[PDB]
Each structure stands twice: as structure tokens, then as C-alpha cells.
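Asker: Given next are the chains, with one letter for each unit.
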Amino acid sequence: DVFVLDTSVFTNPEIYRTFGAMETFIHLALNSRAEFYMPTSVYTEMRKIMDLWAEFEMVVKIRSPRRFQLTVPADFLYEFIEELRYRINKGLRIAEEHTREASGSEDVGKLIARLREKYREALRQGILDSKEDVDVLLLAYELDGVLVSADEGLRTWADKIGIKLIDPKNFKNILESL
Amino acid sequence: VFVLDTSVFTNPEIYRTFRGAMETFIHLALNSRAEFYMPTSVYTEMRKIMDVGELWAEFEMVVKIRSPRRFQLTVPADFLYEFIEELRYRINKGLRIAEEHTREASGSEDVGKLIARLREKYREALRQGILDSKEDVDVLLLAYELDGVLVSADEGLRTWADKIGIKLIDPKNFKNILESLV
Amino acid sequence: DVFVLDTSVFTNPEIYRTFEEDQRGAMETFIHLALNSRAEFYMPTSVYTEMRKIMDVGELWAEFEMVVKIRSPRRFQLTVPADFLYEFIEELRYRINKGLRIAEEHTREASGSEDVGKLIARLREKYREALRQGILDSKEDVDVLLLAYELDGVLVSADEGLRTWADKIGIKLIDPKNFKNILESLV
Amino acid sequence: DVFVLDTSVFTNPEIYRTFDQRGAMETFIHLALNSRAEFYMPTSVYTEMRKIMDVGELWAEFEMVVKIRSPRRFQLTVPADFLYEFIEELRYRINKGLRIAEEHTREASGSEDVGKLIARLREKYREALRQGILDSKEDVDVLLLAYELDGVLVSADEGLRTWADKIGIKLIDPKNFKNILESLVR
Amino acid sequence: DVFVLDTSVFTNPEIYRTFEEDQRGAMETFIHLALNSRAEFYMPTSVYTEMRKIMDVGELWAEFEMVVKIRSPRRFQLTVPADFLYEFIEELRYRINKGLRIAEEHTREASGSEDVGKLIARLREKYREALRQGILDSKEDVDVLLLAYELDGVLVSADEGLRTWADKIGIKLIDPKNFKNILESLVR
Amino acid sequence: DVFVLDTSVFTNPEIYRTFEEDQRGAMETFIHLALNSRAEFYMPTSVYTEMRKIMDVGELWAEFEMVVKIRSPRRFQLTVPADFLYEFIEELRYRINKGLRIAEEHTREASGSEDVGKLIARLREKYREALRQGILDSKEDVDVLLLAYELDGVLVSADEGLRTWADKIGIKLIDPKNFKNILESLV
Amino acid sequence: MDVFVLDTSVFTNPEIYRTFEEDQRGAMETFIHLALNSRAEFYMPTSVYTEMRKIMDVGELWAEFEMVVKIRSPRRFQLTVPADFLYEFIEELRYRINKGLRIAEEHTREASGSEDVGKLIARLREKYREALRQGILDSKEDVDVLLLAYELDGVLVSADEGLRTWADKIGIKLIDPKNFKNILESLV
RNA sequence: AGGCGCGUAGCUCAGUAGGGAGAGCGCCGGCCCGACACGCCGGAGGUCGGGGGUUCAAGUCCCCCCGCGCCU
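Chains as they are written, first to last, in PDB author numbering: chain L, 2 to 20, 26 to 57, 61 to 187; chain K, 3 to 20, 25 to 188; chain I, 2 to 188; chain J, 2 to 20, 23 to 189; chain G, 2 to 189; chain H, 2 to 188; chain E, 1 to 188.
Among the hints, a few may not be true.
[Stated by the list, open to error] Derived, one-sided and incomplete: chain I residues facing chain K with beta-carbon distance under 10 Å:
(1) 21
(2) 170
(3) 183
By construction, these hints were calculated from the structure, which means they are not laboratory data. Every residue, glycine too, gets a C-beta built ideally from N, C-alpha and C.
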């Protein structure tokens, strides 16, 4: 199986505990005859995030999204655009509440982190956040492989697009059982 | 095959370019030997944001209110990637704007101005230059499926239609365009 | 253009109040304005039989069968998107659960209640509201939907479930209340 | 050999008898890993299968042999007569259910008993509205995933069987699936 | 605009009764109202030949050939759904079994009966009812069905088999008792 | 290679006599020949149901499903020539008239003669030979025809009516007495 | 609106031109008046027209026959016929050829014993011609009539049993040649 | 998700090579008795739940569908 693993399954506390952890993963991921194939943009974003790397690049092939030959359903974009309005409005309401709180009391160093967390939770959790996730979705919908990841939005979009999903907390056990 | 939108009739500028603008548009389209297709969502939004009266029963005989049939359409993945990148950039910009507004609100005693400024910044950073309403996506899909001209006024809709591959038009000359083809 | 008619176009009180003022005269004015306007009007045979079994206009059915082309949707050469069936079943399961729950509440209320005909009427009305409003309730609505789909015509209906599920397919929809005015202008 | 699976394969008592649910999962996996077949259960069916029963740590090994994915309904189509027949029979049942509710309420009027009669009404309503026809969207997912893959539908749900037959889906006897996997492995 | 005519339009005791009195003259007024409506009236050649074999009016055929376009369906360029033939065969099996049952009961009744000629007549009537009423029986029916299907025309017949299978196949049906009034309103 | 199987392949004495003996080893050896053939055998669901009604082995049906694929012919996407229906209806009319003649002859011979018990059996034989021998006589046969037509597969059946009406469609036919030897070398 | 594709048998076969004014020549002139007034569109293929001018002959009447009846080839390069049509044609031709051979054998054997070949030659000619060329397409003229009626979707007017029979198998509108006079008369 | 059992007179139930539509209990006409009671007889007492097949013959055997329940 061509497992299309994203960065959420490679660099994350839950991902690392379930599967530093790169060596313990590659102990059996390169085995079991499963040709993992990660996106190239996902690899670049992971490298920008955090990081033997040349050996980890010798198992999962960093391929291109190949969006030229790929097409997306119209409903798959309508459902994204419908949730985008709700997420943006929730973020705007959170910002308005933060401004109202700052009007009365003044704590910049405590309000800035809270506002950043609220924005990142209400506008980047539960939906496709970046282009590095759309690339993974397109690669999975093109290679017809597994879509091991941990993002709720990525999983709920891959399920709505027809991609196959395998439990991230079970990816290590699945790879070790094949 | 002109895929109309709400901007072509809700905007006072486009209406004045032509209850009178609707009648003139109906009379022009009913004799221009042309097809007009307005999505059901966009038409519902326009009818809930307009009260033209006595012309909704004549625009139905000129325009064709129908859904873009998203079940059969297939948007290119390149447009999705471009929209995702633009949305991520706009989300980062909106978060930065919200942080700046929160920082600036410390020294201000009138929330009625800071909140309004934040709302204006958000409605132009996260809802301009990209598709924002489901009606816009419906218009784009209806134009792409029927291979028509996405007559509208929003810049984000025009940019998305150009990226997808749908031929665009100019609302300024839209009345002139329908006048020549009549 | 092609107008796919329905039973609600001739049976709904408001629809035959915009169509003249009497239900019999409504269909006669429909014949008057549909023999004109140079348009094509279609109704499924099942819908036609149900509508003819609801009301009886007599000798006007002869003039009615002319302009309205009564025929089956030709479902063998027709197809429906799978997402449509998915969404219909998803809504239907919820409405079935709602109907079962309201039946339970009505039974528990009638346990101690004295008057029973009133509660039986309440159960009937609430059940037909919770299970036959908002979706495709009969295969007559399905026939109207499919005839509109294959003809690329405008589904003329006052039923809200029919209009909703025609929109979710991609069928052109008209506003039933003013349909006489889309008809009067065409002539 | 592509085998689209349902909840009923591991939810029905007789089907895992012809295989304990925990042991049945393991024997099915044993026979499915080396069957050289392609087992495809839908994602919504998988979610409801997780919700009805929980098996300890066997989901991890379940997930790779039994591929889990959505039917991809945007590229699939269903015959018009299929929906026509479904909604005709659906109307029929809905009516039957209304009559059952009327019967139970009118006989509950002079009975004073509700604790057993509510259960009887539940059973009659479920029998008259959800047995022999497609009820959940999970059934539709199994149907369409077998239709797209030209799949063998393995299910103990008689409604799923009789409505997959109307589509053209290769149907199988769920009581023979284990001894089918036997011969397939051999 | 396109009406496909069966034999019942001019031979059934009721349809010609609506048009006029008696089989003759009814077809005459039908012609009067048919060359006046601009519609395209059609009937298959087999149906025409068998109808002429049933009713043998004289010179009326001369002006009848002008209006009704006698024409066999182009069955080579026509197709019928698989489910249509499936349903036809499935129902016909039941009808054949019913006819066999009727035959057995009539044989057993005649085993102890004296007026065997009238028993034979009743067996004839019951067999004809059980095997040919409510279903397409002759190739005339199939020819009418295909002629209406290919032309996208309006089938006019008082045969319940014709109507109930034209409905299954997708042909615009019409009430044969109102078709004279339809001709009048098409003229006017 | 695709073979669309009938009921006669494993129920009619001649074919299952070529396919070994006892009719229970027949299916066993058939499946055998089918396993190492890569020949994609098929059977319609209705024919399989009638098979299970007529014959019942037990645990051989366990391995019957692995080689033979049972599914409906997908009649919604299939079409049949109009001339086929025309010919079928005309021949069926002839056979119905012959059956009525047989009935009205046996009634007359019951009028005068005796022993109606064997007379009924003779009437049954003559009627079922006049109406069902040499023509399509069940929807199972129609399903076999349609599944062979859609798949462009080989129709294996000793029914003379099935072969005769499959030839008129364009279905690759085969001698049912040679299917075993066909299967032997196809390995 | 209505187009008739004429044949040679229309004005050559005794009965058909006897429906018009008598004699093969006056019937032509009366048909000319009736067809000119009808405002229809009559046609006949070129080969059939040549066989007309050869088998029959009039002077200064074809100068008027050229106008109403439009003589042209059926334009056969843009036309097709069903495969089953040719299949049935050659199937029937095989039987006719075998029967003609048997007739020839029987007449040779009759001439063997009876030395009266003078009338036997005529009898054999009549039987052979009836055996292979009666009631079937037997000349490219008939094929041209068929194809000109098929391309125009017109009314085939002919007294030939074979031409009508084989036009019925392809979907050509047919008429009774013995009232075709009155098809035109009431049409005017 | 399915499984089993039973629908037979007014009630409760037997019946099977597939060769009868019954028993007990009811109701009436008889009958000892003034007459009802008891006994003693008989008559009335059928969609064998429905449809489809097979048979010479079906409540019986096969298929499907309803109802009643028990169901785990």
C-alpha cells in the first residue's frame, strides 16, 4: 500500500508517542513491502518546522501533488467554502471579544497568546488549513493509497473526497503487523 | 450563455448603468437571443436582499434559476490549491490584524471605534480577493459547467473564474455587451 | 421552454387562487394560457392519475390532455447521482426516528387521556408532518423529479420537498406562486 | 475478488457464529490476510461498527486488510427506477408505521400499561420501517462501494441484499463467507 | 402533434360510438377531424391489415389512406429496455399458468357435464381473458408500441395491455374516449 | 473468457452426466474445472434462486459462490432490439393458440371417455410442451439472456428456446454437451 | 408536405391505370392533372423512368411528365439499409433459386419424354419467372424505388407484391395502389 | 440483524402415503322427564391466514407475503 503520510503523523507529540521516533518508525516502515509516498511540499514544511533525514528520505518518496491531472468535486469545494465563512466569523467574534476585554483591562502579554490560540483553533482546526494539506489530499486521491494523518480537518476532508483512512494511533501497529 | 450573479443587480452602479433596471434587463434579455443562468443560492440571496417587485415573475422567464449540479461537476485541483494558499495567507493577515487591534485598544477608551475598525479590516482581509459566500462558489460552478461568462463585480470571483478557466466579462459594458448581441 | 407540471399546480389552494379563483376554472385558464405561450408542458402519468383521482373536472380533461404531455419519466435511460440517494436516506433515517419518538409520546399521553379521537388526529397530523414534509414522500414526486431531469425542464411544483430535492440535483425551478405570470408574459 | 463488507457481518450473532465477536474478528482477519482478496468497508459503516461494539486493540490490525474509505459518490450514479421503487416501498412502510402507531395508541387508551406497550410499539415500528429496506446511510455506502468496485456484497441485512440485487451487485451468502474464505485460501 | 392509432380507435364498440353511430361513418367523421388538426396520425401496417381484415368498409379506405400514414416501425433502429421484456415474460408466465389451471378445471367439469359445447365456449372465453386481457397479446400491439416510441407520438387505444405497457415503456398516453374532443380542440 | 451459466448446466440430466455422475459430484467437479480456468463464470440471481428451489446439496453451495458470480443482469443500462420483442410476441401468440386448442381437445375427450386422472396429466404435458418448449418461458431465462448480452459472455444452456433466442440477440453460444471438454483444455 | 415515390407498375399494370382513365396513355394525362393539382411532391428513380420509356411509350406527354414527377437517383451514397434486411433478402433468394432449379429439372424431364418443347419453353419460362422474380425484389429498379422512398420518407406507390413486402420491412409508408387515384383525388 | 413456534367450526385444540375437513367444549332440533336439568341422539358449527407452484388429488410438500407471540 502506498501510504501517503503527512507531517502531522511525523512531527507531533501524539504521533511520536504512537509511532527521535523516526528511527523507531523506519525500523518497520521500510519493511512490510509498503511503499510510503509523502508529498514534497509536506516534506519542505516539515523541514521548516523541525528535523538521518537523508535516510528518512530513502523510504518515503517526496513526490509532487500532480494537480495538473487531478480534479476535485464541486461539492468538495462548496463544503469547504461553507465552513470557511463560519470559521472566519468565529475568528472575527473572538477578535471582537478580545478587543472588548482589552478596552477595560490592559494586559497585552496575556491577551496576545490567548487571541493567537483562539484564532488558530477557530480558523485552522477542523478544516484544511494550508496548501501542504491540499497537496497531501490530492496525492492520496491520485495514488489511491492510505492517508495516515492526525488533523481532524484533513481526515474529514479525505473521507468526504473518497480517500482511504487508517487510524494514526494504529499506523505503528498496522505497519508492524504486515 | 451569461452566468449572472447578485452583484449585477444588487449593486446600484450596475443597476443605474442599464424596478426599472430589472424591467430593462428583462426586456433586453428576452429579445437578445441569449441564455442567462443565475444559481439558486445567489438568486435566493438577491431576493432576500432586494424587493424589486413585479419583475421576479419576468426574470424567471429570462434567467434560468438552477443549481450548478455539483454532483456532476469537477473543479480543477489547481484552483483548490490556489484558494487554499490565498486563504492561509489571508488567515495569517487577519490574525496579525486582530493582534494589532488588541494591542492598540489598550490606549483607547472608545470601543465603538476600535471594534468597527477591526470589523472593517477583517471584512476586507478575509472576504476580499477570494470566494467568501457559497453563492459565489455556486456562480463559479454554474459558469464552469455550462461554459458561460461569469458576469459579476467582485474581484475575487473574477480571479477564481480566470484561474479555473471560465471566460469573464465586464459589468460596466455588460449592458453594452447585451445590447450588441441583441 | 419545458415546464414539468405537478399535482400541486392544480390542487394547492393558493396555486389555484393565483390561477383564476375556482379550482375548475384554474385548470381552464391554464389550458387557455398554455395552448398559447408556445411552451411544452409535461406531467408524469402517475401524477396525472393521482391528480385525476383527487379532483374530477369532467369534460375538461379532454382539453387538458392536449397541451400537457402525460408520460412516464423513461427511468431506464435515466440516472440519478449517488450523493442524492445518500442525502435522501440520511434525512429519511432522522425523520423515521422522529416519527417513532412522536408516536411514543402520543401513546404515553393517551395512556391517561380520556378523549382519544383528538389525540389520534394529532398523531396523524404530526406523523405526516414529520415524515412526509420536506422529502420525496411518494413516487409521484419522484416521477415529476425524473421527468424534469431528463427533459432539462423547469420543475413547477408547490411542494417544498420536491423543490428542495430538485435543487439538489440541478433542475431548474420556478416560483409556483407567480407561474401564471411567467406564463402570461410568454404568450 | 473484492468483498465489500457491512456491519452485519460482525454484528449479527449467526454470522460470527459461522466464523464471540472478539474471536470472530481474529479468525476473519486470519482468513482475510491470506485470501488475496480486497475487503472494502465504508467509513461511515466503520464508524457505526466501532460505536456498536468495541474490540480490544484488534482495530489496528483490522484497518489494513479491511480497507476503509467512502464510496466516492460524486463519480457514481444510481438508476432512476431504483429510487422510484425505493420511495414507493418507503411510502408503503411509512403508512404501515402510521397504522401501527394508531393501533398501539388506541389499544393503550384502555390498557393503563405503557412500560411494555412502548417497547412493543418500538419493535413493530422498527420491523415495519427498517427491515427489508435501506434505512441508514451506511447501507447506501455499502451499496455504492460494492457498485463502484464491482463488489461482492457480504451482509446479513436482507434489505441490503434485495436492494443490491436491483442494482446488479454480486451477492454472497453471509452464512458461507467463512467457508468461502477457506476455499479461496486453498 | 403525432398520434399513433390502434385498431380499437375504429373497431372497439365504444370509441367509434363516441365518434358517430356504427363503425362506418365513425371513421368518416374521424377523417373529417383528422385532416383538420395538422397532427400526424400514424398506424402500423400490420395493425392496418388486421383491422381491415376485421372491418371491411368500402371506399372509405381511399380517403383513410391519405390521413393515417400506414407504416411499420423501423425495428432495426429501435431498441427496448431489458426490464421491459423481463416484466413482460414474468407476468406472462403467471398468465400461462392461469390458463393451464382454467383448462384443468374445465376438463374436470366436462368429465361430469352434458352441455359440453357451452363448456368449450366458457373455456374459450376464460382462456382468452386470462392470457390476453391486460397484456400485449399480438404483434399488432408491439407494432403500435414501437411506432409510438420511435415517433415520440401519442398512443390512442382502449387496450389495457397497450396502455399499461406504453406507460412502462415511456409513451405519451391519452384517454381514447377524449381523443375525439382532442381532435376538435386541435382543429379549434 | 466469460461463461454465463444456466440452471440446465447442473440440473438437466445430460449435462451433469457429462459432468461426472450423481449430480452432487457434478457440481464438485464443475467448480474444480472452473477454479483453474480463469474463465469468469456468471449466473443471474433469479436463476440461482430457482436452482436452490429445484436442487439442494448443502455445503457445496459454500464453494459454488467462489467460482460462479451471482448478480442481476443490470437491466437498467441494458437494451434489447425491437424486432426481438416482435418475434417473441408473435411466436408466443401462436403457442398460446395451440395451448388453447390442446385444452379444448382434452375437454372434449373428457366429455365422453373416462379416467380423468391421467387425462389431466396428459393435458399438463401437452400444454407445457406447446407453451414453454422452444421459447423463453421464465424471467430466469430472460435474466440469463441479459447477463450474457451485457457481459458479451458465453451462454451455456441446454434449453432450446434459450439458445434459439440468444442466437437472435448476438450472444456467443456453445454446445452444453461440450462445455466440460471446453473447460478441460481451457485450464 | 406529402411526397409519393412512384413506380413503373403504377402506369403499366392494367388494373392500376384502369383506376385512372382507360388505356396506358390517357391514364398518364389524367394522372398529370390530378398530381399537378394535388400540390404534393411526386418522385420516381431514373432507372425506373428509363424502363418506363422503354417498356411503354407516349409522344409529347413526357414533356409534361417531367414536370410533376421528379426523376432522380435515390442518392444512395448517403443512405444505409439494415443488415437484417439484406440477410432476409438473400435467405429468401436461396429458396427461390432452389425452386427455380427444381422447376428447370422437371421441365427438362418432361421434354425428355414428351417431344413438345414448343409450348414447354413458354411454360418453363413462366414457371421460372414466377419462381424467382415474383413477390421479391428482382431488379435494381425496385431497389431504387425502395431507396428513394426511404431517403424521402415518402409513400411507395406500387402494384408489386414484392416491392410492397420489402418496403414494409424497412419502414416505408405504403399505400394501396388501387385507391392511389383516390388518395390524390380527395387530397386535392 | 436475525431465529423459532402457531394461524384449523362460535372457543380450545387434533389430523397428514398428500386419499376424511374432525374431536372436546359451545348453540339449536330431538330425547327420559310436566318441561327445563343429566343422559341420550342429530342438525347447524370452515377462506384449514393470503397468494403462487407441484400433484390424479394440498390444511399437509416447496416459495413468497401478513398476523399473533416468544424471542437473545
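Asker: Are the hints correct? Go through all of them and say.
Answerer: Results of checking the hints against the structure:
With a cut of 10 Å, the hint placing residue 21 of chain I at the interface with chain K is violated, because the nearest CB-to-CB distance is about 17 Å. Against a cut-off of 10 Å between C-beta atoms, the interface hint on residue 170 of chain I holds, since the closest Cβ of chain K lies about 7 Å away. Of the supplied interface hints, the one on residue 183 of chain I holds, with its beta-carbon coming within about 5 Å of a beta-carbon of chain K, less than 10 Å.
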